[PDB]
Structures are given as C-alpha cells and as structure tokens.
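S.K.: Residue-level listing of the chains:
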Amino acid sequence: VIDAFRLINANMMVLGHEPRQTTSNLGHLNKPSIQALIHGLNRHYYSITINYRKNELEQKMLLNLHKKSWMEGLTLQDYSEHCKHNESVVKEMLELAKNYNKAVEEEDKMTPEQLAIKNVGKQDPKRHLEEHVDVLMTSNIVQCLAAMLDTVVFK
Amino acid sequence: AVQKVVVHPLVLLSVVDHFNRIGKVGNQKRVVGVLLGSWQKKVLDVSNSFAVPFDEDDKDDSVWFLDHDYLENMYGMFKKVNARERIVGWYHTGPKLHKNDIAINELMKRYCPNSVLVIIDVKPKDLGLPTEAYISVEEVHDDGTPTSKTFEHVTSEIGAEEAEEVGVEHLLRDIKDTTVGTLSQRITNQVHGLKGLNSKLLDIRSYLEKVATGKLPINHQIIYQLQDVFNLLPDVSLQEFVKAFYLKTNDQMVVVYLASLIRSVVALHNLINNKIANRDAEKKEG
Amino acid sequence: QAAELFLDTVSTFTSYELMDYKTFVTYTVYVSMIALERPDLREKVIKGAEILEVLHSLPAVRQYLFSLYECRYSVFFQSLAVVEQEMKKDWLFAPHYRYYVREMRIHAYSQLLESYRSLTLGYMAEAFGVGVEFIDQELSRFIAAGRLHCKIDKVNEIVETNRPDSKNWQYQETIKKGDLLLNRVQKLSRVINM
Amino acid sequence: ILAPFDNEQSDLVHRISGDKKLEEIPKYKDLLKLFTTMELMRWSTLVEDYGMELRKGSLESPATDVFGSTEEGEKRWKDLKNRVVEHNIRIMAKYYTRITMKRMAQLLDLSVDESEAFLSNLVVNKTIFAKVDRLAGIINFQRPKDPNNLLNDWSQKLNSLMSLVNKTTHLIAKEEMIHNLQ
Amino acid sequence: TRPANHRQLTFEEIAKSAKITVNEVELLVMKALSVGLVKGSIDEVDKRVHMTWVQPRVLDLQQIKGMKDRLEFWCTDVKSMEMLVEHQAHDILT
Numbered sequence: 001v002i003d004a005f006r007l008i009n010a011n012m013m014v015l016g017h018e019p020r021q022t023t024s025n026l027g028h029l030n031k032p033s034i035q036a037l038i039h040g041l042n043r044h045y046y047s048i049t050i051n052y053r054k055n056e057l058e059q060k061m062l063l064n065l066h067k068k069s070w071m072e073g074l075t076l077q078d079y080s081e082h083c084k085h086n087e088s089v090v091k092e093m094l095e096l097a098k099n100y101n102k103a104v105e106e107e108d109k110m111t112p113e114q115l116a117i118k119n120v121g122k123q124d125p126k127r128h129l130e131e132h133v134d135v136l137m138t139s140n141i142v143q144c145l146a147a148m149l150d151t152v153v154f155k
Numbered sequence: 156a157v158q159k160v161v162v163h164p165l166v167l168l169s170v171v172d173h174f175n176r177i178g179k180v181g182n183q184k185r186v187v188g189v190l191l192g193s194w195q196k197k198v199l200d201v202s203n204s205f206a207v208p209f210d211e212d213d214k215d216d217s218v219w220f221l222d223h224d225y226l227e228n229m230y231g232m233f234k235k236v237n238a239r240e241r242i243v244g245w246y247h248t249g250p251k252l253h254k255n256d257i258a259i260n261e262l263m264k265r266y267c268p269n270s271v272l273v274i275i276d277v278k279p280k281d282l283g284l285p286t287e288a289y290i291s292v293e294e295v296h297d298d299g300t301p302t303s304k305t306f307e308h309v310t311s312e313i314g315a316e317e318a319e320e321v322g323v324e325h326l327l328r329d330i331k332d333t334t335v336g337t338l339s340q341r342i343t344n345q346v347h348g349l350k351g352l353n354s355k356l357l358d359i360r361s362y363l364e365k366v367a368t369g370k371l372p373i374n375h376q377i378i379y380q381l382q383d384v385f386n387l388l389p390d391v392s393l394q395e396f397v398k399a400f401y402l403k404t405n406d407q408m409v410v411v412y413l414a415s416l417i418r419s420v421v422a423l424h425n426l427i428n429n430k431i432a433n434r435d436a437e438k439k440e441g
Numbered sequence: 442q443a444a445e446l447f448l449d450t451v452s453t454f455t456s457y458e459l460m461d462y463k464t465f466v467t468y469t470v471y472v473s474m475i476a477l478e479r480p481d482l483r484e485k486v487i488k489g490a491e492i493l494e495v496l497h498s499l500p501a502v503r504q505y506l507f508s509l510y511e512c513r514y515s516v517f518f519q520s521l522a523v524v525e526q527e528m529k530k531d532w533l534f535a536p537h538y539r540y541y542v543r544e545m546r547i548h549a550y551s552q553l554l555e556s557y558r559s560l561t562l563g564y565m566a567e568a569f570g571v572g573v574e575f576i577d578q579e580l581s582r583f584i585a586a587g588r589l590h591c592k593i594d595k596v597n598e599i600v601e602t603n604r605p606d607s608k609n610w611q612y613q614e615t616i617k618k619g620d621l622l623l624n625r626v627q628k629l630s631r632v633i634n635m
Numbered sequence: 636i637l638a639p640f641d642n643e644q645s646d647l648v649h650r651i652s653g654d655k656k657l658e659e660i661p662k663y664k665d666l667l668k669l670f671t672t673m674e675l676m677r678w679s680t681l682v683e684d685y686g687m688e689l690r691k692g693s694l695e696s697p698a699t700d701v702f703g704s705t706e707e708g709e710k711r712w713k714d715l716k717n718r719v720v721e722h723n724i725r726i727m728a729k730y731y732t733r734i735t736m737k738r739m740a741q742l743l744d745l746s747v748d749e750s751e752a753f754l755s756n757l758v759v760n761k762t763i764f765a766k767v768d769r770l771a772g773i774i775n776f777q778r779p780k781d782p783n784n785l786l787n788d789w790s791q792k793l794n795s796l797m798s799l800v801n802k803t804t805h806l807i808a809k810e811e812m813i814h815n816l817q
Numbered sequence: 818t819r820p821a822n823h824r825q826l827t828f829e830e831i832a833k834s835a836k837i838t839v840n841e842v843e844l845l846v847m848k849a850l851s852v853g854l855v856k857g858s859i860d861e862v863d864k865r866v867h868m869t870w871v872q873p874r875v876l877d878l879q880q881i882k883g884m885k886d887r888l889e890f891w892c893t894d895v896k897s898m899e900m901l902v903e904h905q906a907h908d909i910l911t
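Chains as they are written, first to last, in this note's numbering: chain A, 1 to 155; chain B, 156 to 441; chain C, 442 to 635; chain D, 636 to 817; chain E, 818 to 911.
Pulled out of the complex, with its shape left as it was, chain A reads as follows:
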C-alpha cells in the first residue's frame, strides 16, 4: 500500500476553476478508498499514479532466493524413520476407514439443507482421509527414485 500526493492552492477554487486540466483517460483508472476520502483528499491535495522501473539483470539474480545446494537433491532420508512414519499414517487410515461408512449410510436420511450444518461441528472422514493418500504417495515415489539414481551414478 503506497501512495503519492501533492498539494493544491485554494486560490483556484476561489476562481471556481479545478486543477489538473485533463486530456486523457489514463488518470481515472482507480478509485480512492472511503477512508482516504473522509480526510481532505480532493478538497486539499491530489494523487499521482506510480509504476516500477525494472531491468532484467536484477530480476535474473534475485530469483535465486530459496535456491539450494545441489547435494541436497541426493539424500536418502534415513531409512529407519521412513518406515516408522509410513506405518504410523496407516493406523489413522484404519481408524478413519472404520468411520467412513457411517457417514455413507446417513447420506440421505435427512434434509440436505441442514447437511452443511452436519459438517460444521464434526470432522468428516471423506475429505480428511485423502490427504493421507497424498502424503504417502508423494513420499514413497521420490524415496524410491532417488535410490535408483544413486545406485547407478556412483560406481
């Protein structure tokens, strides 16, 4: 939120004129906020549009933000905790799957208008389930690819 302003002399409105004689559409492309307009604004000062001067070089070197070391790409994630994480997640998948079919059976026995309210107080199994599938697949794919690349690129 940046803005630019300049004063105007009350003389001009004593003549009954208005400042900023106008020849082009390009000044009117934005509207002031109500909060800015409660304060003086047009009855005392006027705003000017702004834009950002850029060049390619600084962009080309700024996007390096959060780039990382090549070696980081080839690490195998401690094969002993990996299986612990996996068959921790599977447990809550168990306890959720046993709670899914209740919400499948109640699919239609009540007015759908209040069905939204049926969500609000109590987490639903369906949406809350599939993020675990997302996690499991995303992890177990890359963990397996990296091992192959290693077992080829070194000796």
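No lab work stands behind these hints: they were computed from the structure.
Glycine included, each C-beta is placed from N, C-alpha and C at the ideal position.
There's no promise every hint is true.
What the hints assert, rightly or not - Using 30 Å as the maximum straight-line C-alpha spacing, the simulated DSS-like pairs for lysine-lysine come out as follows:
#, chain 1, residue 1, chain 2, residue 2
1, D, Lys664, D, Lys713
2, A, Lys91, C, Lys617
3, B, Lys398, D, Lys766
4, B, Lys197, D, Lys792
5, D, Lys792, D, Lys809
6, B, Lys197, B, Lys264
7, B, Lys251, D, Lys809
Stated by the list, open to error - Pairwise CB distance ranges (calculated):
#, chain 1, residue 1, chain 2, residue 2, range
8, D, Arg769, C, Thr561, 24 to 34 Å
9, A, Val142, E, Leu844, 47 to 57 Å
10, A, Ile34, B, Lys264, 54 to 64 Å
11, B, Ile431, A, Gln114, 15 to 25 Å
12, B, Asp435, A, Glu106, 10 to 20 Å
As the list claims (entries may be wrong) - Among chain B residues calculated to face chain A with C-beta under 7 Å, some are:
#, residue
13, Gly314
14, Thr337
15, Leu338
16, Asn344
17, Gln345
18, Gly348
19, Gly351
20, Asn386
21, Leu388
22, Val391
23, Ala414
24, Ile417
Given the coordinates of chain A, work out where chains B, C, D and E should sit on it, guided by the hints.
M.R.: Frame of chain A; chains B, C, D and E shown alone:
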C-alpha cells in the same frame, strides 16, 4: 570459529546497483565495500552495506589505494541512526579472488578481528549461488614456512526477513513453477543436482590435465584426498546388498498399492453422487 | 468368533434354546479346540473350575480334551471318531462336519513335528496309528495343500522340517484378497454408467 | 587399576595421568601406560617385572597392604587377574570377528572350560556380546545384520563422499589463484 | 599393491612376504591396526583378513594418468543419466 553465514537480499540489490553506478565513473574492473551485520551463537547474519572508494592499477600486484577516513566517519553516520549494526566484514565483486586480497584484509582487520570476506558474483551464467565466504587462518606444514596465511571456506546461504520477503515477493510477478509437489520435488532438484556434480567433475579433470603437463606445480595433498575419494566408492554388485535392496523396494510398493486403491474408490463414490444428483433434477423441466 | 462369544459360562441361565447347560459346555469346548492355541487353552479352559466341575460329570469330553493336551495320540483318534459321528447327525454342525475333522487331524500333526527336526516316519506307526502307507499318503496330500511345512524322503524313510519366515504367508492372502476386491470394484464400475 | 572398567574410570585415568611428579616413579607410570593402550601381555611378563618391586623404595606400604594380609592379598591378586583377563577379552572382541576356542584359551593361559565359564557371566550381564558354539569349538561376535542398517551405512558413505568431493574444488581453485592469476 | 576389489588376503601369504612364522602375524596386524595406518578386520578360523582402508602415499606422473582415465569414464555415466532423465520426464515439468 564460525559455522555459517546468512545473507539478506537487500545487500544483493545494493551491490548490483553499486556495480553499475561505478560503471559510470571509470573503467574499473572491480569494486569493494563494507558489510554490516550481527551474531547469534556460531552463526553470522548480514544485512546492510555501503560502498567505499577504491582504486587499483594492473601495472602491478602491489599498487592499490583504499581510503580510510571515508569508512571511518561513514560508519559513524550509520551508527548514529541504527545502533544495532556493527562492522563485520567486506565484499568485492571479482569473479575469483585476487592475489592482493589477503593484504587487503590485513588493513581492515583492525576494525574487527573476526572479519570475513564475501564474494558476490554480479553476472550469473550458472546454477550455483552467487555468494562465497572466506575466513583467514594460519596453517602449519613441514617446511617452507612455520605458517602460511590462507583463506578457507565458510558455508553461506541467502535468507529473508518478515517484510523484505513480502517486498521481494511483490516483485517476482513474472515467473513461478506451476505447482509445488512431486513435479517440483523432482525437476527443481534431481536434474539440478546431477548438473552440479557433472560440472564439479569437469573442473577436476581440467585441473588434472594442467598437472599432467603445463605448469604442474604438483601438490601432494590433492593426490592424498583424491586417493581417499576413489577408495570410498562402494561395490554395488555384492549379493548381500542386492537382497537388502529388493527386500526394501518390495515393501515400499505395498503402500502405493493401498493408497491408489483408496483413491479409486473415493472417486467412484464421487461419480455416483454426481449422476444421481443429475437424473433426479433433469426431470423437473418436463 | 464363536469361541470369543462363548465365554459366558458364568452367566448362562437354563435357557429356552439349549435345554442343557451341559450341551452349552460341550459346544464351547468343541469350538475352543479349534479357535485358540496352547497358552490360552492351558490358561482359560483348563484353569476355570466352573467348567471343570461340569466336565467331571462328562468323562468322554474330559478324556477327549486331556488326550490332546497330554499327547496321548493313540486314544485321541477313537474319541475324535466318536465326536464327529455324533456331530454328523446334530443340527448346525452337519453342513460342514467334515471340515471340522480335517482341521483337528492336521492340527495334531503340527503339535508333534515342531519339537524335533529329523523324525523317522516309522515312529508314527507305534506312536500315532499303525500303517506306514496311510501316514505317507496323508502327509503327502497335506503337504500338497500348502500347509504343515515339512518334507519327506522315501529312500531312507525320513521326515525333515523347515522354517519358512512369516512373510510369504502374509503375502499370498494380501494378493488374493486384493484381486477379488479389484474384480468386485470393476464390476461395480461397469454396471453403473450404462 | 582395581576398579572395573567404566566411563568414570576411563576418564579418571586420563585426568590423573600425565602428572609431572609422577615421573619420579617410572614403574607405576609404565603400569598405567600399559593399561591405557591396546592388547597386553597375558600374565607372565607383568608379574615377572612388577611382582618383586613392591617391597623396595620408601613407598611400598600400600604394596605391603596388597601383600601382607592373607585375605586382602589373595583377594587383590585375584582381582588383578580378573581385570587383565577382562581387558584381553574386551580388546580381542574389539578387533577379532570369529575365533576358535583353543586359540583364545591359549591366549588366556588357562583351560577351555575355565574360559567359557568366565565369559558366560560376562555375556549374561550384557557387557560383551558373544554366541559361542560348543560343538565345533568356534565362537564369534558379529551381531546379526538388519536390512535397515546395510543401506543406511551405504547412504552415510555417500554423504561423506559428496562432502569430500565438494571440499576438493575450493582448494584446487586457491591453488590456481596464486600461480596463474598474472 | 592389490586392487580395490579382491583385497582379502591370507595368513600364509603374509608369512611368506614378511618371512615371519604364521603364529606372529596376528600380533603384527594387531599392532598395525592399533596405530591407525590400516583399517579392517580379521578372521582367525578362516586364517584370512579383510583390509578396507590404507594411508595415502605420494605417487608420480605415470600413476595419475589412471586417475584421469577412470574419472573420464566415470563422468560419462553422469552425463548419460542426466540426458536420460531430462527426456523421460519431459512433460511433467517441461
């Protein structure tokens, strides 16, 4: 001594500006300036800088001119508007470190004995980071001197503060990777890692040829560490390794199986819901 | 599931569906013979006096259980034959009265082969039932089924044992149940959407 | 010396060693130097080179305590015997992988039955791991291998290799910088 | 002297090459290990040893050529794998 350094982006933009700003004044190949920052534990955090007038003539390796009192009183000026920052290093923008540089350090070390050297490459062609960090040490060896004086490597990374990160994120409107996730987890990684490793091996060969002939000032320490590196490579062919690798992948696949099954049945339920929500509504238009 | 839900031997009144509390005891001991293994057997159905006092009046079932526990295989088979004959004509056991039997027998074999490793088959004749060829064909047809992991050699009349890990078995049932569920879900997929 | 091995003894010996005045008595200096280092002579040379010096000088009164009283002397000699045989077992398990019964029995200068009876209470106290076989006279250490470990150490070796190959290049660059810059 | 593979070796071969009787080689290798110049392990019932690392040494302009060669036809594999992967997953993030 010091274990890593974190650099804020504002110094990057400041240096990039300074380089062109001097390009106005003269045919200078290089520029130099002062780095301001702060400490926590073994970690250095660097955040602000200003340039100092500097001159050098390629006539010889021993004719250069850095101005004292400009730095002396400019640091006073900055102190008088933010007390938290202390002088903590200096930077220059040469593509590689120059022969003068150690004798440069012995000048400004008076201002902070821990002073560190940071290189900021102004013209990237490559996928490594632009920064480097070097600290001075004496090192002992059998003969030729009791100690040499040597720059040695400290690890460096770019960071960001709460609000400068908002500032930079406003500017990068023009490009982003489509989605973070497994395609970013790969393309942003493995290919880049492989390219880096290839470039490292290329530089090793480029030196090794200019040691088989050329100038060839043979240095035995290089050969020692290379012997270690070549000894370290494992034999993949061993049966007892193979049985383990299979016994692991043949386990990992089961989880992908189960997850894909669950995904399919959920999508099926979604289709059923859609179709019954259509056939019981389309009839209303008669 | 029966043996788990038949552990109500202290809360079963003289109900209107089983005229005899003793019939209830016989049913629960019959199912507990199959369901549970040696520690639980030795801990629950033999240490609970509420059924021991009842069994005191039922010599046949008492000796039937004791024969299996005490490894007196010679007397085991006559009792088993009597039991299966009785339950062939009984309700809610006839439709599979053979299945039950074919379990107990194989179970008996698994109760003897794991203590030793190179037992000759001749010992069975004077310890389990006379007839070398009978035991031979029985063991052959039980090995072929994929249970009772062991092996037999005829030139020297010897029986060896092996120790397969508890992974391959934990794999076949997974793969087959996956196959059947995939088939079912494919049928659901095509039966809907014309 | 009499204390059984533990971290407290293993660093207390380090603290008390290297005292300037201690050099005035080179005998006990050699004693703790012997017990600090690797595999040590079984039993003969130590008693032959130190079993008689415990009465000369002007400081042998604790030595007489180790000798004089019958019960105290016998107990402390037995404990020294146990300490040295334990040190031998610890170091050989540190270096060896699999060994025959008679070889180490000879290296302990005592019969095979005594050897196994002495190491049995060691292994049941969970201080040294061994699985001896009393049919072929072959004993070993070498704990069984778990799948998670093998490739884990493989990955560790990969990490070290990457770090070393990364560190080489900077040193190479600073080598070129001082010769071919001008 | 030996390759990096195949560097297991037997007691009697040491006994010959050091002209010391077999019964001493155990104490010799123990000594060698204890001063850290070589790292490995021993098998007394097979009478064999498995050395795994050895102190570096100086070596001359003829030996380094083998380093050059093995490095070149190592780097070729990295180049091949990069050119493979950046093709086979072209679509997933072109």
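S.K.: Measuring from the C-beta of B/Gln345 to each C-beta in chain A, is the shortest one below 7 Å?
M.R.: Check passed: Cβ of B/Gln345 comes within 5 Å of chain A, closer than 7 Å.
S.K.: Holds or violated: are the alpha carbons of B/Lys398 and D/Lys766 at most 30 Å from each other?
M.R.: Distance ~25 Å between B/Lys398 and D/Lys766 Cα, so the pair holds.
S.K.: Verify the interface restraint on B/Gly348: the C-beta must sit less than 7 Å from at least one C-beta of chain A.
M.R.: With Cβ-Cβ at 3 Å, under 7 Å, it holds.
S.K.: Hint validation: B/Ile417 versus chain A, beta carbon distance must be below 7 Å. Holds or violated?
M.R.: Because about 5 Å separates B/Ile417 from the closest Cβ in chain A, which is inside the 7 Å limit, the hint holds.
S.K.: Hint check: is the beta carbon of B/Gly351 less than 7 Å from a beta carbon of chain A?
M.R.: Since the shortest Cβ distance to chain A is 3 Å, the answer is holds.
S.K.: How about B/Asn344: closest beta carbon in chain A under 7 Å, or not?
M.R.: Where the cut-off is 7 Å and the nearest Cβ of chain A is about 4 Å from B/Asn344, the hint holds.
S.K.: Should the hint that B/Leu338 touches chain A count as held when the rule is a Cβ pair under 7 Å?
M.R.: This hint is violated: B/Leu338 lies away from chain A, its Cβ roughly 10 Å from the closest one there, beyond 7 Å.
S.K.: Does the CB of B/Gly314 sit less than 7 Å away from some CB of chain A?
M.R.: violated, 9 Å
S.K.: CA of B/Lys251 to CA of D/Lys809, is that 30 Å or under?
M.R.: holds, 9 Å
S.K.: B/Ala414 was flagged as interface toward chain A. Is the shortest Cβ-Cβ separation under 7 Å?
M.R.: holds, 4 Å
S.K.: Between A/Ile34 and B/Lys264, does the C-beta distance stay in 54 to 64 Å?
M.R.: At roughly 59 Å between Cβ atoms, B/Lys264 and A/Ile34 fall inside 54 to 64 Å, so the hint holds.
S.K.: Min Cβ distance, B/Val391 to chain A: is it shorter than 7 Å?
M.R.: Given a least distance of 6 Å, the restraint on B/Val391 holds.
The structure does not agree with the numbered hints 13, 15 and 20 stated previously, though it agrees with the rest.
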